[PDB]
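Only one chain is given next, in structure tokens, and it is the form deposited in one PDB entry.
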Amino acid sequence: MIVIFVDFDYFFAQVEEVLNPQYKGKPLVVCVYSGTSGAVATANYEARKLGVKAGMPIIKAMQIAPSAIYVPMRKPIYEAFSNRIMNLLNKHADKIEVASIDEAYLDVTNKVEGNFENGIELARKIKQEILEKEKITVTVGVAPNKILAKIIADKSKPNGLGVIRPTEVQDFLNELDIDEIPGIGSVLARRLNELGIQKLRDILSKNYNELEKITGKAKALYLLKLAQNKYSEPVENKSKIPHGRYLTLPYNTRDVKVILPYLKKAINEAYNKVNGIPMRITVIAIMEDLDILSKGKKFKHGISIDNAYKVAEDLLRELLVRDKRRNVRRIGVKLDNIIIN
């Protein structure tokens, strides 16, 4: 298995700088607002230089960067920018998995006919192409599975090319900090250190069960496989980006004859923004009181709009027995788990 993982450096920042080149060499800050207060989406080199970073409240960011340019975020254009890039990658890969707007996994095992060095060069070729074609720097990871490829990518930022070779893989498994693992955050590392575990290997000397009592099987076991180099878990042809449209109603209601004519339209601005076939739909409804009542059914394959309008209709109506007192302010749909062709 050869996976190249692609990560877009400070994408939103980069897109803006590409669109408005006079922003370059000068602090730029992309901002995000609630339903209110605003925070930093991303920030460019110079903004980051001064200490800005995601989540930072815009007041705070101004405290340390008054010379900065604060723009509102434009998801759609960054999405158009993302999709162009995902397509480039697509041509390069046997299977592509679009993890997010700025992340994709690529199985290329076949493309380079199993040759890991040609894997790395393909990975070089990809970096150079995105820069040449879109003026954007990404960070690649090349490794014999998804999880490793992400890890080595994050180890290689900014504008990196990380590498774990099947032939060398065990030395990397030997020096990996437990905290550097996806799924292991601030709390879990803090607790996992307590037995004497900061390297991945450490677990193998420590008994099995107690670890679950700190992790939960599904992760405790997922650590065990990584340590042993038994995690495979293929790269699937699916997009993980959720597409979802809402529509506020003329008045709060419960009359299905009123809300269907708003459900339909919410799906059209979504089941069209599909590019594939969703294994998941979620009917989402906001009440008079801002509270949220969301139900959704999983499909073996996907679901077309062929089944959609009634999957959504009964999914609303099931929420109309689950809540019986309250009215609906706003109605939404979310399509994710998209299978690609």
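Numbering follows the first chain given and starts at 1. Only the largest set of C-alpha atoms that superpose within 1.5 Å between the two forms is called the rigid core. Residues that one form lacks are left out of the comparison. Compared with the form deposited in another entry:
Core superposition between these two forms leaves every listed residue (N118, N174, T137, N268) with a C-alpha shift below 2 angstroms except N268. Core-superposed comparison between these two forms: the C-alpha position of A285 differs by no less than 2 Å. With the core held fixed between these two forms, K295 has its Cα displaced by at least 2 Å.
Remark: with the core as the superposition reference, the CA shift of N327 between these two forms reaches 2 Å or more.
In sequence order, the runs of three or more residues whose C-alphas all shift by 2 angstroms or more between these two forms, with the rigid core superposed, are 33 to 35, 193 to 196, 246 to 340.
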Second form
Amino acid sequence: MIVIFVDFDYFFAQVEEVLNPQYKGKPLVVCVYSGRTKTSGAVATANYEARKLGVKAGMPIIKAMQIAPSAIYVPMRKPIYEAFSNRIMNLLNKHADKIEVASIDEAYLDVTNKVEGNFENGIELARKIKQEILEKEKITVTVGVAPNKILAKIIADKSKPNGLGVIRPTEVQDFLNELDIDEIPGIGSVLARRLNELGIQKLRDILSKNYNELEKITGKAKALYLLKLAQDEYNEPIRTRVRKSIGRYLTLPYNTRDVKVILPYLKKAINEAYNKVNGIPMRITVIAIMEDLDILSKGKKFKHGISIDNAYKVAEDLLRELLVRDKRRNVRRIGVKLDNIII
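Pass me the form deposited in another entry as well; I've looked at the form deposited in one PDB entry already.
Coming up is the bare chain, nothing alongside it.
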């Protein structure tokens, strides 16, 4: 198998540069503002100029503004980045036997037949793909070329930005012989530090570690994964991916326990959730983030589909029950998720 992983450098920020080229070459920060205050919100992404100054994704806006006061701080415009993504994935689809859009930001392309098994022509094709995306969309990306999904991802993320990582089948075993656990996709930090500390620094340290004592720490799934992965027996095929849930989340104007206050926001969240869902959900979940950013959720799955008018009533009840089991804390953010969807 010959897999080409595609990963769009500093995506949101870079789209903001394509739309406003005055922003290029200077620190730019793409923020999600909640509307509580002028600065309340979070860093979605930043160009590398801003990252040099210490701006990191996930960080509060005000905190980025401490270390990078002169950066350009722009609000996130997800619909546009979505459109950009769509067009780019469409470009990719024409090159692959199969494409797996892992998300708005990245995708895997099985090019095996396309390049007729010739891995080198696979690399060349990857160059053509980078070139084409650059020509048409003015977006730079990083590419991984490898004999599987995971390796392609790993060599990609090790090559950012604007990179072209390659792991020829010749080199695979050597790459696995010297690969840290924290460098594996799907292994946490809570999980990484355990393995790392409690014996298993690198991947090969799994081939010789009584399977069970590993299964204790990771679980059956992850242990099986890491095992076949280390054994060079991971092969997972490229599969078209199907959305399983849609959620909409709102920051309330002010913290409160009063359902009567939260409800119109919860309804609003329900409305554009349903407005965007592609089917009927069998399960509705209410998500409430508390003052201290603790997350409570209460959901209900039905034997049938849930209409929107019904969702209002169900969700109100679920919310009322969340605030029966907490009794003390105020809600800061309200959210709703539609799951188990019938297309």
